[PDB]
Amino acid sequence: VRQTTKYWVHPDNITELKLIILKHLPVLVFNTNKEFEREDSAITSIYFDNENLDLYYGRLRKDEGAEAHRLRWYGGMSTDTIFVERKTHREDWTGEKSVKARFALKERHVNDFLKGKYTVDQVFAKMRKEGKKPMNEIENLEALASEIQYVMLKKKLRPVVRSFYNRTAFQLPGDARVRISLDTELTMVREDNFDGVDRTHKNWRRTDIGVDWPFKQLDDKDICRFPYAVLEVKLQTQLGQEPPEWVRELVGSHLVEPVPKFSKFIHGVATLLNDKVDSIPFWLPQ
């Protein structure tokens, strides 16, 4: 039985919270000399929606099967691998869950793929020729890309909001019973053209910013700098036990404020496009 919960952490409690967590878990690193640079912690996602904000309202209401679509990259602007991600809301007898699916795309193919000029077959031609990944897994990836490309074209999606943050991952590899992520420098940026300003110049992302937080070059109206860190806890507790004593104590501690349905996508749209949306998540006024 796996649970996921989200919390806001005041800047005054970030360090104290870090010290607690690191008592129990390692931090993941991705360079072999175990050294890291500022940009290594960067995660950037470009969320797509259409002008009616269909996907936003779907996610807000938690419609069954409501999709969010985002193009994400890790690290700095030299990163060439772009993950095309689809997150799907599920509900049934057992309760709720989130289903994530993605496939990887070279940056230079992104625009062409989103316009349906670069086909899914063309997208995976090199992967098939290689013969490294099993055929069925490839077929299932292709099916995902076709579904995503279809919705992007059918629903006329375009870039709407960017989320940026630095993420620390606390995790003892080979033990997913407990996984914790702390997100700082959380920022949402406008990518839409709803006020007539062609922010991306028809690219899939703005190019007038990189990962250079705090992004002082942005107009005030194009950016929301989030005051708190966001803590996410991913539990896999072996039935029928309870979560570890240190985890349960933490979440209930004054250090963190639970915000059940929090979503960077929803927060960004509602804050940045506040005059446009007709419904607002419940962590915001009305």
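Shifts are known only where both forms have a C-alpha. Residue numbers count along the first chain shown, from 1. In this text, the rigid core denotes the largest set of C-alpha atoms whose superposition between the two forms falls within 1.5 Å. First, how it differs from the form deposited in another entry.
- Just one residue from the list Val233, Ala66, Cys224, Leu53 crosses the 2 Å line for C-alpha shift between these two forms on a rigid core fit, and it is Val233.
- Positional change of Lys106 between these two forms stays under 2 Å at the C-alpha, relative to the superposed core.
- For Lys115, a C-alpha deviation below 2 angstroms is recorded between these two forms after rigid-core alignment.
- Annotation: Cα of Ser78 displaced by less than 2 Å between these two forms, core superposition.
- Core aligned; runs of 3 or more residues with all CA shifts at 2 Å or more between these two forms: 1-9, 11-28, 93-98, 168-182, 230-261, in sequence order.
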Given for the second form:
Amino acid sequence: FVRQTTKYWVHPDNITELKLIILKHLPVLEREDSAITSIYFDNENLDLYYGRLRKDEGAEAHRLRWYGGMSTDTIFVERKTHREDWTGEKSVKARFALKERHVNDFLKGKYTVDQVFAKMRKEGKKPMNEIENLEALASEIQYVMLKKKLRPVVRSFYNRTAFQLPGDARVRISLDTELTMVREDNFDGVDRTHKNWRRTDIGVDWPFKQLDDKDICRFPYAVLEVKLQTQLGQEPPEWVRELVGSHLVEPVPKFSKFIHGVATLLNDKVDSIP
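To complete the pair, please output the form deposited in another entry; the form deposited in one PDB entry was given just before.
Since only the chain itself is given, any partners or molecules it might have are not part of what comes next.
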């Protein structure tokens, strides 16, 4: 079989109609469970933003992500690294999990790499080479956090719903809704975070009505992702071809939420905008 993954933008007010159509064909796989929140880090010079915008060889993006509501304790510390084609290497994404109570301390170097990985080394369930890999990752994140004086700058939030028939991978779909960016920085003298890795005056309670609305960017689209596995040489189901060819959706290229968030919410601060 051949794979295809495609993303489409959807007008917000077509969401219900779109979900109804999908549900005729694929079933859905508290309301807070569907939340995905990521806190992107950068510094006062927006060094990481510019590095990612320009696609510098080696340009890193750093974000801390959690799935679900505010009782979720597992925080994923994530780093993306851009590699230019000329290197012969592919860009990479990597992450490791941390309990929430260790996040501030880890980022500050008060909770050490050895401490992060002590228990997983003790249980020896993970191959040591993988643990080594994760240690190099954690150390390098800790280092850039300090060296580049990074702090929380923008949050991305959205809800993800997935639709899938068990045992049939011909078509799998996800729908991301409530796409939102929220300021996390202190650049205007407003201390949004009070030394924490994320602001705590909101949770996953979109659309965050309690906040200063200038801190919020509500994205004007939802995102549909369709993944196909098509036996060569058959066709994808007719209903999918019809849907994707309809007025309800439009194909879109790769779009950075980090870049969109900074460029939109801190427009007065950037001197290059996509």
